[PDB]
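This document opens with one chain alone, in C-alpha cells, the form deposited in one PDB entry.
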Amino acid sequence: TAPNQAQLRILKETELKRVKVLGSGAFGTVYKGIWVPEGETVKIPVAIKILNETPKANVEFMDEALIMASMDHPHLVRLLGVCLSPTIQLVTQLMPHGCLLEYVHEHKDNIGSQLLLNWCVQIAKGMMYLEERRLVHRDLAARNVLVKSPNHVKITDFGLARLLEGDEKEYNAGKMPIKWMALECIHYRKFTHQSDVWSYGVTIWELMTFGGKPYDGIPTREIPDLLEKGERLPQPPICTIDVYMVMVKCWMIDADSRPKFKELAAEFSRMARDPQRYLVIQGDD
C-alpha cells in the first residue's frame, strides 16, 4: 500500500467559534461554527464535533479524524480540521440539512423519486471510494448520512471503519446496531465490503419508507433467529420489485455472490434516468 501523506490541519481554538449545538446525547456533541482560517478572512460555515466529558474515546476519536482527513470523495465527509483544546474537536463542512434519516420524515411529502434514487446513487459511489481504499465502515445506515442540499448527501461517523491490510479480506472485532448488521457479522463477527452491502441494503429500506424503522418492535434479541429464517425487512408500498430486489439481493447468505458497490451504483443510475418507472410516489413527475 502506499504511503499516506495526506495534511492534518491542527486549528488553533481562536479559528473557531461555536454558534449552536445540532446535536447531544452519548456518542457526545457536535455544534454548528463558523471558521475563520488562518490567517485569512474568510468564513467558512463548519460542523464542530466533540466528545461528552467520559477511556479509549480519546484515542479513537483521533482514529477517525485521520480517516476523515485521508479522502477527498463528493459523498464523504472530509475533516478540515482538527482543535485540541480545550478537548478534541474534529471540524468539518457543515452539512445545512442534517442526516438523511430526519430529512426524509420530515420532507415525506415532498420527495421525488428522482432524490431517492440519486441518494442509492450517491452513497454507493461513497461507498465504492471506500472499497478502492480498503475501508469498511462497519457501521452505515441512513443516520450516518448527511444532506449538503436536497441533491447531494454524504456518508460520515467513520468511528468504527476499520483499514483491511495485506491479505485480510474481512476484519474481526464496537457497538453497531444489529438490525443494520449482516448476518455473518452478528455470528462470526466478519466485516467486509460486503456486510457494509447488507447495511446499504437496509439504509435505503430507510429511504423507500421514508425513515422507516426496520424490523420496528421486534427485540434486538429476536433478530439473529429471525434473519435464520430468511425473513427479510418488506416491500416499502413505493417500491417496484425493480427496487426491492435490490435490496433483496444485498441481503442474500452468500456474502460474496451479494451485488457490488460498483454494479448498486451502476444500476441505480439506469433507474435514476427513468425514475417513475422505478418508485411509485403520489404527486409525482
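Residue numbers count along the first chain shown, from 1. We call the rigid core the largest set of C-alpha positions that still match within 1.5 Å between the two forms. What changes on going to the form deposited in another entry:
Superposed on the rigid core, the two forms differ between the two forms by 2 Å or more at the C-alpha of one listed residue only; from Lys260, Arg232, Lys249, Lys32 that residue is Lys32. With a cut-off of 2 Å and the rigid core superposed, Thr87 has a Cα displacement that reaches or exceeds the cut-off between the two forms. A movement of the C-alpha atom of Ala272 falling short of 2 angstroms is seen between the two forms when the two forms are aligned on their rigid core. Superposed on the core, the two forms differ at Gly159: its CA moves 2 Å or more between the two forms.
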Second form
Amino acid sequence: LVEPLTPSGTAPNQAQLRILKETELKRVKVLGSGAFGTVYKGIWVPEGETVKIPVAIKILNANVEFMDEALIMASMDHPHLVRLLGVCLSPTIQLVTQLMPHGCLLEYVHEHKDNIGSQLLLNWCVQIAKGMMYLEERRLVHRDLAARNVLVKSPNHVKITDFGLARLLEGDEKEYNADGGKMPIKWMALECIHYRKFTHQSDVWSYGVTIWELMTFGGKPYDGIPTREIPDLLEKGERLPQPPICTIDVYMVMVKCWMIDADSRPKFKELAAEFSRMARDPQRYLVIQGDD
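Rather than the form deposited in one PDB entry that you just supplied, could I have the structure of the form deposited in another entry?
Only one chain is given; partner chains and other molecules are left out.
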C-alpha cells in the first residue's frame, strides 16, 4: 500500500554532515584532553580540494546513538554555538569542527585580564545565554556548561561547544554508580549531584558558575574545597562569593541561578534580556579600573 499522509509544518532539516576519509585530516598538536576525549589542532584538506581548513578534531576513548547525536551537533545553526563540520569513522569515530583561533574563553580571560572591560564581559554573558536559549528551544540540555567549553572566535564573538557528548558518554540512568559522573561537580546543579536530573534549569545553574568564572577573570569555583564536600556545603546554603568587580545587580543574577528550586531559577530568555540591558550601560554594572 501507500503510507497514510499526516503533515506537520516542521521545516526539513537540510543540515549537511560530511563523512571524511581518515587521510583528509592531519593533526598538528594537542589542544586538550579529559573525560570527553582528546582535542587536536589540525588541518582538513577536503576531497579533491586544495584549501587547508583549520580544524579541531576530537577522538573519544552505541554507534547508533552516536550517529544520532552527530545529527543534532551538525544541525546547530546559531552564531554562539559551534557546528559539526564532519565525522571521520576510522580508525575510531572522530569529530571535526572549525578551529577557533582565539581558543578557549577560560584561558582567554586569564591571559587578557588586564585588558578586558565591562562591555566585553557583559556581552559574553548575552551570547552564551542566547546560544543556550537556542539549545533549550530544541529541547537540548548541555549538561557540561563551563567557561572551559566556551571558545573565542574573535574577542567580540564567543561560541558554546561540547553539547550532547556528556549524555552520549554517560547516559540517562537516574542512579549514579561508584564511578559517579563525568562532569565536574563544582559546575553541577545540586539536584544533579544526587541523581541524574538534567534539565534546562540545571544548565542555568552551570551558566551562573560559568559567568562567575568570567567576572573573576578565570577564577576557580570553590577553590581548594575538595569535591566530596560540595554537596553538603550547597545544602547548607553555601554559594560562590561576590566577585570584586560585580555590582550587587550582577551578583544577584548569579545567585538566582543557584536557587535550590530549579523552577525558581531565571530562564535563559530572562538571562539574555537582563545582561542585554546591562550591556547598554556596562559601567553601571561592572566596576573595572581603567574601564573608561
